Amino acid sequence: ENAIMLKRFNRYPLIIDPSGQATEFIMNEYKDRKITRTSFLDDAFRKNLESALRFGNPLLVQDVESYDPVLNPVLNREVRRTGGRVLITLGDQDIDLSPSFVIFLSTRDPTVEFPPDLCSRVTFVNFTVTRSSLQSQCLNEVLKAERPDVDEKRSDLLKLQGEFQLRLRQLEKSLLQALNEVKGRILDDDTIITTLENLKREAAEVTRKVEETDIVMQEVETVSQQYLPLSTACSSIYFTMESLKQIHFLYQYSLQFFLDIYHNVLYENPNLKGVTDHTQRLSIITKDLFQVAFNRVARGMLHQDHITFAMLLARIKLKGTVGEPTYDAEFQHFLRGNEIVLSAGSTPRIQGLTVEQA
Amino acid sequence: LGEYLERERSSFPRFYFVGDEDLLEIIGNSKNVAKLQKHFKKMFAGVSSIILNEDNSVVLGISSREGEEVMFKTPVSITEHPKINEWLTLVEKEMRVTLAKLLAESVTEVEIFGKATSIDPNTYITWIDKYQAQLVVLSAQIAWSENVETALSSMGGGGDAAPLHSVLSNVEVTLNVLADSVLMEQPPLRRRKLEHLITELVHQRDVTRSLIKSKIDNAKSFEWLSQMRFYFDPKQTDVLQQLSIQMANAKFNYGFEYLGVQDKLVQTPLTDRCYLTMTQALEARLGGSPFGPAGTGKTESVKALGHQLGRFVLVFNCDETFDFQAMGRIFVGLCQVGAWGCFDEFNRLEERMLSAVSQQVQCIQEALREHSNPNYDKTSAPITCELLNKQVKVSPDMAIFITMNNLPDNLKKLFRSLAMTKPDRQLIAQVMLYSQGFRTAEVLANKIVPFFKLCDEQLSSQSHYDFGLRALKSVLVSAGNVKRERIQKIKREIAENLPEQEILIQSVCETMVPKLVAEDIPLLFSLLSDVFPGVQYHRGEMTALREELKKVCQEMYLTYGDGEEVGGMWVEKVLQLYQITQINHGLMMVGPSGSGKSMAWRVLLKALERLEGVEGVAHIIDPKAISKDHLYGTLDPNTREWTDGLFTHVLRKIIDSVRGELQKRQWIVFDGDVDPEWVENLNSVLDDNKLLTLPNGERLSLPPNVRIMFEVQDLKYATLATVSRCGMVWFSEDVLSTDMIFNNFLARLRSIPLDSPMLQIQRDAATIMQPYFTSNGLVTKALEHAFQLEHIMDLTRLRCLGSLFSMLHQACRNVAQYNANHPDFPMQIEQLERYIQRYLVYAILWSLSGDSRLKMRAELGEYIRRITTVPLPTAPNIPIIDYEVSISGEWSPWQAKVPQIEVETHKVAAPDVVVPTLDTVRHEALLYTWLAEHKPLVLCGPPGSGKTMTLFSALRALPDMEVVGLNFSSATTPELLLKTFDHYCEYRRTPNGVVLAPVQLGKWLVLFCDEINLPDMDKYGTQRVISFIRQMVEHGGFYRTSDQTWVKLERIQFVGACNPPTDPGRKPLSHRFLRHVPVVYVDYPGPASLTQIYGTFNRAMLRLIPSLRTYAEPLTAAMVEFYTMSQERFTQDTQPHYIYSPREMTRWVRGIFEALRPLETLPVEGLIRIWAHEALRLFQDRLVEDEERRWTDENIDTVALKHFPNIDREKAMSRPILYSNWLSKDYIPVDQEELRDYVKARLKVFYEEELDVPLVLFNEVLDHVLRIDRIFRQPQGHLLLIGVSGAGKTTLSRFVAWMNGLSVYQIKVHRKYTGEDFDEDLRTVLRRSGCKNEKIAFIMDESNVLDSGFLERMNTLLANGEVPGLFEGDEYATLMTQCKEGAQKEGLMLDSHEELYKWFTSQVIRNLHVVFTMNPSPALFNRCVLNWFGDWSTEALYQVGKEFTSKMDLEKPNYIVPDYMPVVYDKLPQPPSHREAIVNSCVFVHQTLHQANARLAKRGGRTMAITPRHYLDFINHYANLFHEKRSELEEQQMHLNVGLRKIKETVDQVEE
Ligand SMILES: Nc1ncnc2c1ncn2[C@@H]1O[C@H](COP(=O)(O)OP(=O)(O)OP(=O)(O)O)[C@@H](O)[C@H]1O
Ligand SMILES: Nc1ncnc2c1ncn2[C@@H]1O[C@H](COP(=O)(O)OP(=O)(O)OP(=O)(O)O)[C@@H](O)[C@H]1O
Ligand SMILES: Nc1ncnc2c1ncn2[C@@H]1O[C@H](COP(=O)(O)OP(=O)(O)O)[C@@H](O)[C@H]1O
Ligand SMILES: Nc1ncnc2c1ncn2[C@@H]1O[C@H](COP(=O)(O)OP(=O)(O)O)[C@@H](O)[C@H]1O
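Residue numbers (my numbering), protein chains in the order written: chain H, 1 to 358; chain X, 1 to 1552.
Derived by calculation from the structure, the hints in this document are not laboratory data. One or more hints might be untrue.
As the list claims (entries may be wrong) - In silico DSS-like links for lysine-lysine, alpha-carbon gap of 25 Å or less: (1) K47/H with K1312/X; (2) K7/H with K303/X; (3) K173/H with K393/X; (4) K159/H with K1525/X; (5) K317/H with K287/H; (6) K628/X with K47/H; (7) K93/X with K83/X; (8) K183/H with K153/H; (9) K200/H with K1542/X; (10) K1544/X with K200/H; (11) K1312/X with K1244/X; (12) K551/X with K628/X; (13) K303/X with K251/X; (14) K393/X with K378/X.
Taking the hints into account, I'd like the entire structure generated from these sequences.
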């Protein structure tokens, strides 16, 4: 969706991405146009933008939080069209607008509060991974790996809207060009009927697909509801591992790391060599995900804190498991509910019981 | 050249300490040695000068900083060794050799000395005088160590016949001799030698008595090996091997470097452990890091260890006096020569700097570690290191110490850490007291140390308080000096019966009590009582100085008293100041502003001059007034020529004494503030060093009769280094009581002529007012009450009292003038009494609380009425502040003196016309009063209160004053004031000094500096221009920095006017300046005042239309009433721009006048319609919510019908009320529909030719265009345009400017944009709008504003109409020429510069309009018309979508109408169509975006603003997507049909 936003736009976009993935993408997409990397803090940024504007070269500027107001006339897309020549005023310098000129604002920090003037002139495109984003990513991966048939049915449902219709239209056009090339000769009957029968078979397949869209949709819904707890657990695992940085400065982890544990557990899994039952494979993959995530986190983690991450994984599995009480009250009392003012009525009770224990 | 410098450094390693330019100076000036000794204190430990021959050919010896000199046994000759390096090395080697030989001779002497009993004091004194301090201490240590070694060697058997007791007895008799000697009168050098000797001998006694006599008989036992042992073997030919020093298992060779007379650090257990640890670290070739709290004795400890081993030690403080270009080379020098280096505090270093020096130290320490490889102990290849990217040899004796308070990870394995958290203070004191001569040192130490602990704890925490070990040590040396002085006094009339406890108490009180705040003095004395029981202090009588003080005070109109009497605290402070003057130079006089500081030392100086007969001269200099460079002087980077600064010039003049400056007490008083920038050169002068280090190389030494004075109020931005070097006296405000202020004022009134008849009048007045200036009289109680009251500025007692005294002086002058007007029947006693008492009450009323709100003044007046006995205005409704004291002696209302002025029609609401009112008629009286005494004053009030014009008109009313309008920006510095004097004033050298006076004769130049508080506050809490003004006001002059002369101001006055300090951008003024400037709070005019002034304005207005003449008063009344209603609501709390000032009413009247001026014969209907139009456009359109607008409209028609009941409502049900001048020749109220069509066609043309994007027109755009055209229509018009970004306000304003002919000017802002480009742009627009009749629309955006200087420049542009600071020099002459050209083009005469400038200002205010845009400073909100460009409404979004979606094929005849979808209330059909449903869905989408942003903000946040630019982009995307997809579908359908036809043709072919 973000790439869709990048492709079709009127106001120039600003790229928000904690990683460099989007910057790499826009790099590869515009190599043919000779996209030049630039940053606002750079002193040569002015001459770079002027040169790119002269040849209509695409530009990307990093460090957008230190935005340069000098780009306001360019962002506004103001045009001083005079004498058959398109013109802009850049400070004291006057430049012509070479067409096919694009600028992509960029940054690396999710939490940047831009002024409203910068807000209005730009289309925000965001790449920050969230609960729902990683949740859906893990779901897509698990349907792609574990149940490729449902994944293919999902892809067919996706294509049936426009892609299958376009393919059918192009096949009809091929029939048209073949027929006008052959002028509908009775001698060409064999090829014509072969093509028309293949077209009829394709149309029948499409009609069966549109007649079964409810059944396929319900099956996809059932499988997604089956596989949802695993993806919720994965999102919780990743966000716990990310927030682990608060305990110790040594506990920094990336999304690439978590994707690595997910891929390792999904494909390179010894436990899933002989298992075939879908529910059995799902239980195995969940258990191995928890185990391998804990092992890989704690291998490079302090010994005094292993129990902390083990407890976090226990709570996450408890939230993900079914047929169990929610246990919010007991856990809340265990975490913080101990520090409630209750000094009143602190009787010694039994002699074996101390004051603090009381 | 640099290579030659490096080679010279390599030839003589000690050159690495001096700088590259310093080394260039050395090599260039090798021939003459007189410039060498300036730098000779850098590469040597204590050598400060070289004893040369009469021709500077040979070097007979060296001399230390303290004057101690060493005579070479074999002098060297510079003639035989002409090159600098060779003879310098020879000097070094010879110094070491003679040091060794003197040590040998002294050892031979002290061997005879110690091996004896009952040593004669005379031979010992000759011995100690013969040798140096370091030499005598080393000889004592060597003799004691060898004696102990012999004793233990004789103790092989055990304890039988132990001569260790003999050694102890010898040490005891030596102690007795030293204690006897130090008690007498000795030269300071001999005194220091005695001090060092007794310290070392006490340490020896303590070691031998216990640490050796604990049944220790083996010379190899560790109890003796642990102590520092000295072994001397003179037979060694090598100098470095003569003396052997040992510590545990570590051995070193005495470096024999000359250190002069250094401070011998007291030996204590912590110091011992420190020595042991440091020597152990050095033996293993490791670094030493004695970390610990600052002041625990760390750096000095290392320094004293180095002094013990005779090694040069260097200290690198890290208090930002840090550099690498010098540190690399001194590290090279340390590795080369073999000296020591200690860092004071390594934690202070910057991260990168710390890492770099850590890398260098790591390299050096790795070299040192490799220097002691067990496999490579025989170091054949020299041990080298990498500094400055080159190989450097490391001498094994070099050592590096890093002192902390953690260590970087690089040096953790290389540095041994030691924790000296707590030094043994009791032993430190005991030794110091015993060394001073006291015979009960231990008890005095046990008393003093806990006393210092208590003083550090029990006393309140202060920045200036200091109770560190250094403070204790000093106090002790002062006590020793006091005891010696008392011994001398008693002798001049054995003497061991002195009460030394009293002596120590006297010293500690004499050194502390001056630096204690008033509340802490009883606490300190209680502490002394608790620690010292029943031992009291006795202040010296100083009877002669007391008599001189009384005489001077009675001469200078001052109160004098002793002890409990009035002023006793003050005179005690003077006596403490005099004692501190005796004790040391460089004193600190500190107290709250308004205390008796300046005149305390003034009276002390005059008393000293009259008593001792020594003429006293004081030089008062303000540091912050001038730049540091000008204070000290500058060195030209090219010619290398030096020009002395003010302090440098004064010191040079004193030293030279060409007129006989010596034999005269010179005091350099630094009145002002202290911050670590201008005092960094004063550390060298303030301490015992007493020498000034000029950067060129000149050395200036403080003569003994010169003392440095700082008169600083707070002492808070000052470093501990500055205060710790100062004996300082605190002047608490409690010292200066109000009673002496009153008595001084009365005496000055009774003596100083306020100009013999005037003397008689003043004396009668003073006799009358004497009762009120009592301890509990009217004035004191009024002051006490007003202090509780609230004031716009901080209330300072001195400011209020000074203003009161000034107004009383004006009362006396009024009486004198009245007697002058009536030569017959002069002023009688009873009438004078009545007038004076009433004026006193009126004066207290206007001075106290004169800077507060009206209700606060009323409260104060009620308090005075309660407490006073004098008659008061009997009217119970009108406050006393509205009355005045007539010359006849009765209260009269100020309203009687307010005249009725009729102004001309074309002058209505002119920039300069002022209508007198009660506020004005009072402010002019107070202004004249306070300008009679040339006292500067500040008018403080909310923006638009009329301060500027009241001030200007009152100043120009007087004929003999020349008014100058000076605007103080945030970047205002004194140079603006000096330029002002240069342009208007002249310098005259005819009288005793230089005098600066205006060119015009008999004219009192007044520098009206508006926005006095706007100048920015520097880093250290000072405003340079304000301090400069204070220096002029209090002292009457300033120092012309060009020739460092004291030029006296004459006929110069200062007047200020500024916004309240709470307004953003305003900083409170300094109390010291605030004391001399009374402030009057100019509140907003009262409703009666507005009624009067604007009734005058309306009466002048309506002469144009005679038919409405009698209707002027109801119009004014309704206008004022509506303004009051708008003011009581829409408070600034609800919205930052909800500010209402009479400037709004002035703009209102100007607008009605502009509307009426073309027009002729208007009925009352048109008048009320125009009034309502202006009220709507000025009040209704600045609001946000619709409720505010509807309330405004309802109240407007309500008041209109209230004050015009006879008129109908024909102007009321008219809802639009739209005025324009496009449809006809004049500004008629045209009808909405046809003007709507006309503007629609106009903007159609506009976006057809000018713009490149279609512009829709909705009702909001229409009414906005109406407001915008209105605002450029009026003169001096400026719009405030408040709305969300992208709403089109800039585009709409540009459209209006294009359609009304005005050109548009936009400031093109970039990152490199600075102030000078901005003022160039302002010059450009003003020139193009003032010189030429062309009308410019100024586009101003929030993004274009970067710094506040832009904002204030624009502010003066809008308010004044021009900015005087733009045009100077050639630019001003060009304006002269171009404006004369414009005048001759228009048909006007040029006259002079001032008239043409007035015409230029008129042209600018008539032919310039500034629009300002801001997304949602009170000054900016005022002086502009505020228009709320709110977000697009639902109807606006609906219309935008409908117009922008008309092109699309969005018509579906088969549409089915469902129920609900309420989004747009004014949906065009009741049953919506397909296109209407689509546009409603679009505006619903935008509404849901708004709601989603609001919800996201509610739950957490991180929301980006949603603007109509988003809606336009969405509409464009919808259009492109719809058109593209429909095109694809239609092309596919066409291809389908074409293929179907072709297949039909193929079917026909099949059939054929
Ligand atoms: N006997 C007296 N000794 C000293 N000051 C007296 C005496 N009697 C009256 N006064 C008044 O005490 C005040 C002394 O103020 P002084 O000049 O010392 O202030 P300052 O220290 O310069 O103030 P700031 O700290 O604001 O710079 C004067 O108003 C003076 O008239
Ligand atoms: N007595 C008066 N005569 C004439 N105009 C007056 C009077 N009192 C107030 N005004 C008007 O009120 C406004 C005050 O002008 P001005 O902004 O210079 O005053 P101010 O209170 O000194 O403002 P600022 O703090 O912004 O400098 C002007 O519109 C002025 O015409
Ligand atoms: N062993 C000592 N004997 C006497 N005075 C000492 C001793 N050690 C430190 N001092 C005193 O301490 C004061 C300086 O302390 P300072 O250098 O601030 O300590 P630190 O190096 O621990 O920060 C001086 O008065 C100095 O004479
Ligand atoms: N009434 C309108 N009809 C059509 N477009 C408009 C309208 N108002 C504003 N715009 C569009 O908004 C864009 C930016 O407006 P701008 O003047 O920058 O708003 P602001 O002054 O609030 O920043 C312009 O390119 C203009 O096309």
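Restraint status (C-alpha distance of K628/X to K47/H at most 25 Å):
With Cα atoms ~40 Å apart, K628/X and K47/H exceed 25 Å; violated.
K317/H paired with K287/H [C-alpha distance capped at 25 Å]:
9 Å, holds
Given the proposed pairing of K173/H with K393/X, does the C-alpha separation stay at or below 25 Å?
This hinted pair is violated, its Cα atoms lying about 89 Å apart.
Quick one, are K7/H and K303/X close enough, alpha carbons at most 25 Å?
72 Å, violated
Going straight from one Cα to the other, do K393/X and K378/X come out at no more than 25 Å?
Holds - the C-alpha atoms of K378/X and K393/X are around 16 Å apart, at most 25 Å.
Run the distance test for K183/H versus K153/H: straight-line Cα separation, threshold 25 Å.
40 Å, violated
Please verify whether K551/X and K628/X have alpha carbons no more than 25 Å apart.
40 Å, violated
Is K159/H within 25 Å of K1525/X, Cα to Cα?
17 Å, holds
Holds or violated: are the alpha carbons of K1312/X and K1244/X at most 25 Å from each other?
38 Å, violated
Holds or violated: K47/H and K1312/X, Cα atoms, limit 25 Å.
This hinted pair holds, its Cα atoms lying about 14 Å apart.
Does the alpha-carbon distance linking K200/H and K1542/X stay inside the 25 Å limit?
Distance of about 19 Å is within 25 Å: holds.
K1544/X and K200/H: Cα distance at most 25 Å?
Judged against 25 Å, a Cα distance of about 18 Å means the pair holds.
In this structure, the earlier hints numbered 2, 3, 6, 8, 11 and 12 are contradicted, and the remaining ones agree with it.
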